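**Q** One letter stands for each residue in the lines below.
There are 2 protein chains.
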Amino acid sequence: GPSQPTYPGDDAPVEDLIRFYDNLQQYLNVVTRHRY
Amino acid sequence: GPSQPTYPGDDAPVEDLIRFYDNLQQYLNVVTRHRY
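Residue numbers (the authors' numbering), protein chains in the order written: chain A, 1 to 36; chain B, 1 to 36.
Simulated from the structure, these hints should not be mistaken for laboratory data.
Treat the hints with care, since some could be wrong.
Stated by the list, open to error - Listed next, the stretches of chain B that the computed footprint assigns to chain A, with coverage defined by at least 3 CB atoms under 8 Å from CB atoms of chain A: (1) 4 to 10; (2) 17 to 28.
Said to hold, decoys possible - Using C-beta positions, here's what the derived DEER-type ranges look like: (3) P2(A) / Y7(B): 27 to 33 Å; (4) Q25(A) / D11(B): 17 to 23 Å; (5) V31(A) / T6(B): 18 to 24 Å; (6) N29(B) / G1(A): 27 to 33 Å.
Each residue gets a CB set at the ideal place from its N, CA and C atoms; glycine is no exception.
Please construct the entire structure, taking both the sequences and the accompanying hints into account.
**A** Dropping the structure here:
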């Protein structure tokens, strides 16, 4: 659902950043409902 | 370039989250070079 994605940190490795990217993808998909 | 994207905050509005999404898109595009 509209789960607020957790931010690992600034020094987070690119893999976890990919994770955050996908988690933001899901979150944004939900909250924006593709209105951007 | 590989500019480390700035994190606005947890309560950041979805627009700025879109911004961070695109900034992460650029950053990840660079650093991963599409290897994910």
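**Q** Does each hint hold? Answer for all of them.
**A** Against the structure, the hints come out as follows:
1. 4 to 10: Coverage by chain A holds for the region 4 to 10 of chain B (3 residues, Cβ < 8 Å).
2. 17 to 28: Contact hint for the region 17 to 28 of chain B vs chain A: holds, 8 residues under 8 Å.
3. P2(A) / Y7(B): 27 to 33 Å: violated, 19 Å
4. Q25(A) / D11(B): 17 to 23 Å: holds, 20 Å
5. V31(A) / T6(B): 18 to 24 Å: holds, 21 Å
6. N29(B) / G1(A): 27 to 33 Å: At 28 Å between Cβs, range holds.
Figure legend: structure checked against the earlier numbered hints; the only hint not met is number 3.
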